[PDB]
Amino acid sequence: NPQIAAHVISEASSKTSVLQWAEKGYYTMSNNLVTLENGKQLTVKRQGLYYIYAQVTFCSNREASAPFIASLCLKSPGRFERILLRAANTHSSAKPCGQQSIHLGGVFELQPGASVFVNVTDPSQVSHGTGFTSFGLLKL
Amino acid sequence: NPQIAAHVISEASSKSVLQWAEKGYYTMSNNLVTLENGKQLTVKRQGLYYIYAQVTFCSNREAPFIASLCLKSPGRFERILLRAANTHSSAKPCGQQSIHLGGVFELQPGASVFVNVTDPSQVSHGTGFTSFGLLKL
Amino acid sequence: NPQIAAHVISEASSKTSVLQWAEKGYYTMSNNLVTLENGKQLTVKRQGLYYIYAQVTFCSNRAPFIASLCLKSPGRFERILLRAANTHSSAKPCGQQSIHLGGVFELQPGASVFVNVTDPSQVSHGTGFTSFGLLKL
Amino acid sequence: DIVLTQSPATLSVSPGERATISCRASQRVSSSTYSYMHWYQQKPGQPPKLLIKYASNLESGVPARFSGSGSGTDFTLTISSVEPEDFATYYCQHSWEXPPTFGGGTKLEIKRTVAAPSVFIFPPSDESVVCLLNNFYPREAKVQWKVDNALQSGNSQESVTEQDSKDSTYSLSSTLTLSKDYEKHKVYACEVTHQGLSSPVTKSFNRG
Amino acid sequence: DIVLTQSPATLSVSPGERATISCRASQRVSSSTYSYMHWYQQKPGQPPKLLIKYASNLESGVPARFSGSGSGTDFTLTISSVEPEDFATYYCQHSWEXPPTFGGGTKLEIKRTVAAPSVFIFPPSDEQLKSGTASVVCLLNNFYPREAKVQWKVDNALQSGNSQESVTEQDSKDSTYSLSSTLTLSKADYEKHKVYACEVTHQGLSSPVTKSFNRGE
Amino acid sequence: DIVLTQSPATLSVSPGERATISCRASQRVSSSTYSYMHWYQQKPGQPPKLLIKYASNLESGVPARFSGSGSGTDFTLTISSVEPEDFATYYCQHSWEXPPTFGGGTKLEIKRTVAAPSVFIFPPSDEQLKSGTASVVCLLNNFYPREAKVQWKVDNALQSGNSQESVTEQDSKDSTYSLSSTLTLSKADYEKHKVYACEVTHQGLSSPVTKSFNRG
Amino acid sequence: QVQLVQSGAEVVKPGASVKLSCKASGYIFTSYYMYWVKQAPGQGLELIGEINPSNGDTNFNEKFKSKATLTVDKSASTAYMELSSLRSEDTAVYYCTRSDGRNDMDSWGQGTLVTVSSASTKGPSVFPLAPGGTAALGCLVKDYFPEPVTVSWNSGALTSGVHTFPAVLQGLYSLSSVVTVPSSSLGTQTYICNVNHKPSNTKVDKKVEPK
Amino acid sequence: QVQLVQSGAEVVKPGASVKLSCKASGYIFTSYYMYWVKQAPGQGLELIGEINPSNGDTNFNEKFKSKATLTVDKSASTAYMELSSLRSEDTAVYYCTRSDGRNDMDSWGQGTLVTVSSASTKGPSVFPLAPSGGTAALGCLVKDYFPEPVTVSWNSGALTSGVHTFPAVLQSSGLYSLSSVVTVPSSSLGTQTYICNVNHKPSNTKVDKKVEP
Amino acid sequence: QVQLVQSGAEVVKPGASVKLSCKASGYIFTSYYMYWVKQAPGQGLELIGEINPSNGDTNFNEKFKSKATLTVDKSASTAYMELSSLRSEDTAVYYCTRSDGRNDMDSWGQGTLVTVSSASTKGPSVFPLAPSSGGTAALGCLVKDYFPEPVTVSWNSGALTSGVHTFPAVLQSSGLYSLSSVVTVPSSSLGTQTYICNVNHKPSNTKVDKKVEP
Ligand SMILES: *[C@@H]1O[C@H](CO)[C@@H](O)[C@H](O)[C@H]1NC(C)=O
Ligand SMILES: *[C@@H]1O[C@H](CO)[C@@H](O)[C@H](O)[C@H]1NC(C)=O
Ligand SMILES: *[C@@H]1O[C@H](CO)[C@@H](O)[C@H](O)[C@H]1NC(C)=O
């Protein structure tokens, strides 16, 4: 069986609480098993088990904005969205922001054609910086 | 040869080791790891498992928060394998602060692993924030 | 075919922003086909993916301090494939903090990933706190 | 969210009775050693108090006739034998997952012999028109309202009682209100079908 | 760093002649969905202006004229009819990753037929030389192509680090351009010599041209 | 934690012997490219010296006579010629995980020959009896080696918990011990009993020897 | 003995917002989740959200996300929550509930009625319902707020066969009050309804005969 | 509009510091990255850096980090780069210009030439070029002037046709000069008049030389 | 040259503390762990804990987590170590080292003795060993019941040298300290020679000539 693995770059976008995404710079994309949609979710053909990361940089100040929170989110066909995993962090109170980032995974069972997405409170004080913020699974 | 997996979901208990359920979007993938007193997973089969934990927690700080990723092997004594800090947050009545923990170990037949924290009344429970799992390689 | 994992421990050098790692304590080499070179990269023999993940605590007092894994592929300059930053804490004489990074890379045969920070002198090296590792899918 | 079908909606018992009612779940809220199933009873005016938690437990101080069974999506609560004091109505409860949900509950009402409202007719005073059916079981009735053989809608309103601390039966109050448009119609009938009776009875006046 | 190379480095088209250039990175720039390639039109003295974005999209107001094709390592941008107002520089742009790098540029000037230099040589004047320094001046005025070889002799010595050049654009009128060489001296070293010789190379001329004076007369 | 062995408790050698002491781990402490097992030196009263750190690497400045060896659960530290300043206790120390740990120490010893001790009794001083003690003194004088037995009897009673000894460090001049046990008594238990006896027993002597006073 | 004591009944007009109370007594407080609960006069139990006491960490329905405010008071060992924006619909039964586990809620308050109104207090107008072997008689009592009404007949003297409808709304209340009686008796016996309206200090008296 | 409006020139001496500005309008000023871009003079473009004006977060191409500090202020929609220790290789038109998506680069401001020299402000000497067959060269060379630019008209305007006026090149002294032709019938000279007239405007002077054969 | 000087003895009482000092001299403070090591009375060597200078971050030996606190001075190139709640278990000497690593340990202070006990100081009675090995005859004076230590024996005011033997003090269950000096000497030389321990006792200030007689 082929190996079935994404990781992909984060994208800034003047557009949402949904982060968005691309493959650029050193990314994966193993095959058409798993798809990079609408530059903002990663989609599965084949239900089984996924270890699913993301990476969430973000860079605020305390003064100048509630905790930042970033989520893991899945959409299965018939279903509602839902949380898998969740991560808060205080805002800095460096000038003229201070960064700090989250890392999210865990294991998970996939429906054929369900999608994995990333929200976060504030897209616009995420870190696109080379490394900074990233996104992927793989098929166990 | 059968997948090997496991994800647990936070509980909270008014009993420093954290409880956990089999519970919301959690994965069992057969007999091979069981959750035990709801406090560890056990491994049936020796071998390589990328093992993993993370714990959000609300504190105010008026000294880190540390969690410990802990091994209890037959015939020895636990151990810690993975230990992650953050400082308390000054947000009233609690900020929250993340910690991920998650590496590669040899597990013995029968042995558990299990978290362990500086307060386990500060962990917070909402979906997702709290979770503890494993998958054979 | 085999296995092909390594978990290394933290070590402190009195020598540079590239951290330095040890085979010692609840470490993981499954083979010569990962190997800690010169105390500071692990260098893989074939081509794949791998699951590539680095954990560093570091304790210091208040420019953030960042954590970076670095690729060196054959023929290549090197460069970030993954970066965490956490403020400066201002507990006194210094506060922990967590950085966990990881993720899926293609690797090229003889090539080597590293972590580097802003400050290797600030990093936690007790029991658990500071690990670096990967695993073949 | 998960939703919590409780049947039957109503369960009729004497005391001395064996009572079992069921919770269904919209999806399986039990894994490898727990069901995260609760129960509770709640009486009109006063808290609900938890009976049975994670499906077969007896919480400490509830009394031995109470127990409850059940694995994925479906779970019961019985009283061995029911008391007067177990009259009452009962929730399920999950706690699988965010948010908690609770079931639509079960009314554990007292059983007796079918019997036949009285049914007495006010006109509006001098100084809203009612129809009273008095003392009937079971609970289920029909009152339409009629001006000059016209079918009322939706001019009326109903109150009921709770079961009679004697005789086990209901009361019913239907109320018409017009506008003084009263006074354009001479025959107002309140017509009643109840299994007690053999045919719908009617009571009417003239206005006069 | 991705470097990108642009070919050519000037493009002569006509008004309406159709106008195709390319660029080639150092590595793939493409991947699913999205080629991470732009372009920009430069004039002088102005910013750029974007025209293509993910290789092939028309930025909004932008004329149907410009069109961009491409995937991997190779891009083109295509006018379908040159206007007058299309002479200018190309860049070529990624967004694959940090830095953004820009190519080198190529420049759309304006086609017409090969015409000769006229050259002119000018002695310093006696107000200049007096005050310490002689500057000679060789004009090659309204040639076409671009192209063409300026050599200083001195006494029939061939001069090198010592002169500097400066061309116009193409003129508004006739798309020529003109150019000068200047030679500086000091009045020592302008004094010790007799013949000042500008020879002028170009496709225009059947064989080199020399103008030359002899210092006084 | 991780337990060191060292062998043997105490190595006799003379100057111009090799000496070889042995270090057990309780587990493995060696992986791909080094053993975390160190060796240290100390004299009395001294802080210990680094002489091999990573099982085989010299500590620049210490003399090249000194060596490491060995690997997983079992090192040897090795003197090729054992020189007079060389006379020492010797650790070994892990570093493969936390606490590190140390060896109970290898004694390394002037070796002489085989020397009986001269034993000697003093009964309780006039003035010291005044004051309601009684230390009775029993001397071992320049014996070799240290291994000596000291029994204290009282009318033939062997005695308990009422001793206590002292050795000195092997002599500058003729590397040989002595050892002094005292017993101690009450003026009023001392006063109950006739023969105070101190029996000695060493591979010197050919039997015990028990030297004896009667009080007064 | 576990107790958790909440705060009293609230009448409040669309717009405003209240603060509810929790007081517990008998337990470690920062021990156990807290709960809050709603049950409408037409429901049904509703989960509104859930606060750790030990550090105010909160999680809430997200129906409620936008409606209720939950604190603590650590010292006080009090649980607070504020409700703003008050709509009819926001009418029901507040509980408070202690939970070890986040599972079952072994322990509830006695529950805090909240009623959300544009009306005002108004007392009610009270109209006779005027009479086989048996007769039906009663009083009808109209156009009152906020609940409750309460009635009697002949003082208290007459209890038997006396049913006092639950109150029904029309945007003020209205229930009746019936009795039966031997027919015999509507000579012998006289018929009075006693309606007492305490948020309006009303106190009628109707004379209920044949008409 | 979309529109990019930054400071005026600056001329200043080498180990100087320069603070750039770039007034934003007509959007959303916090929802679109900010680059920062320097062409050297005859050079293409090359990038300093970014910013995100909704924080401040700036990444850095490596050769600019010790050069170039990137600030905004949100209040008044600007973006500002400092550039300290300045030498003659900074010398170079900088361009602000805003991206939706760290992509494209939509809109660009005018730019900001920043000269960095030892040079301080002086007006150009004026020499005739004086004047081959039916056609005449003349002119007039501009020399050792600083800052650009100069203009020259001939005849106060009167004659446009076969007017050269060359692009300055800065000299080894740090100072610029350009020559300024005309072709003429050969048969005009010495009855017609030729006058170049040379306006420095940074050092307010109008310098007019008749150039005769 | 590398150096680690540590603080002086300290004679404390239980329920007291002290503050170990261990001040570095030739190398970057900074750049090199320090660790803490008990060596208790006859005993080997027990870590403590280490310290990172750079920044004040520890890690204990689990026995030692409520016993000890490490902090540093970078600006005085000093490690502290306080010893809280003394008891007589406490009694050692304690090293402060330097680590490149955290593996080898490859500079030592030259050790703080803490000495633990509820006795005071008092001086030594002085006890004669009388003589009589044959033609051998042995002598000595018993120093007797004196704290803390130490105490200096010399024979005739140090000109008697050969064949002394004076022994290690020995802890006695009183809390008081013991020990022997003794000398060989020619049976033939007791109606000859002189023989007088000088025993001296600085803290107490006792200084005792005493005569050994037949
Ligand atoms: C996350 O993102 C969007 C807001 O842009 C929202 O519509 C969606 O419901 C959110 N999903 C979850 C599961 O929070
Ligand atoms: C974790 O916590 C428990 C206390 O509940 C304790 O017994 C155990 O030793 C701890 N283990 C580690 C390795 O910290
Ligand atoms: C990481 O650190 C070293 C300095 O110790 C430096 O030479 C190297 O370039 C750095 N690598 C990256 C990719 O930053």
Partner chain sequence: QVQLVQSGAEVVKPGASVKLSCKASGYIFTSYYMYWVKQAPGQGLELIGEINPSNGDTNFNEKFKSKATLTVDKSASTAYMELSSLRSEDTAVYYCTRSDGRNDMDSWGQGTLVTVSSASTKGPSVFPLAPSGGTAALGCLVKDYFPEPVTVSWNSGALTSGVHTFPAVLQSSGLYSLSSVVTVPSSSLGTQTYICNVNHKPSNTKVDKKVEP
Contents of the next structure:
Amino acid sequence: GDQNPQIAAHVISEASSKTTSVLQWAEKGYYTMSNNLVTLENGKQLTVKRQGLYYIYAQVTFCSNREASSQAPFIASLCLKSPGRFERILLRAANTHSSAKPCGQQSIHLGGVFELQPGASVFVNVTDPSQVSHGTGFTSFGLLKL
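Okay, that is the form solved in complex with the partner chain; can I get the form solved without the partner chain now?
The following holds one chain only.
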């Protein structure tokens, strides 16, 4: 206050206690939720209350074994739920593990501009949630209205 009412979010990773495969987040650590027109709904997803173009991003780090998760690539997907609609993938990134190298810590950065409908919402899928790296700083998600 007053220095906020742009629409923007930045949210921090947290481990799911359920079989997952969508990422959970919190409003903790270095977080942003600049106003009531974004919210973290659990979800866990970022829900916008205004239509328009948004820059949307995620970062996922994981630590992984090649010979153990041999299935085969890690992939993180930015996905969209719009009201009364099926779900879409917006972005995906793959990284390999590569059989048989050891618990390698790797990151993924995803980002682009998309239209959102009022009522929104965006989330992140991964193939390998147990392998995900829970920070600090390592795994995050957010958006900004342009």
